[PDB]
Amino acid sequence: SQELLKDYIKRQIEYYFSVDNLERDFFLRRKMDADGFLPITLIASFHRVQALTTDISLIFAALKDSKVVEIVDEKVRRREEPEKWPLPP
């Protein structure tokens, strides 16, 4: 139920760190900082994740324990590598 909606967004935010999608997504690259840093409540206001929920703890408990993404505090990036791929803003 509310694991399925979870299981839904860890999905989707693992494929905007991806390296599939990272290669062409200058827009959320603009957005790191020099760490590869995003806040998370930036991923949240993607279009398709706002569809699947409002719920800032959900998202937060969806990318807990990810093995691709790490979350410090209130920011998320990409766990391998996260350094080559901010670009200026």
Second form
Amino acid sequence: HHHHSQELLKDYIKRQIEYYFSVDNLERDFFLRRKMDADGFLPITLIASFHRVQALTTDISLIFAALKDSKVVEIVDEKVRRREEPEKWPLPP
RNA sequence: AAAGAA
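If the one shown is the form solved without the RNA, what is the structure of the form solved in complex with the RNA?
Zooming out: every chain and molecule, the one shown earlier first.
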């Protein structure tokens, strides 16, 4: 027993989601950007369906917990966006 | 290139 399994899992979830919201990924992620609203937000439940997140967990409240203190993303209601200049990224649906 | 990290 060398770590708390659910805390480690939360760190994997957080870093996987922060990757999607990195500038490097966003520059090329046309699917993700077409799903943004005009303010840059995506449903957290959409992110939950992405294959690597769903592989790590199907517990939605755990994904919220994993993201609670992220400096990369901001959460409003059940939606999430890049904290820095989110409005640059949406693309037409 | 099956979501080859939507």
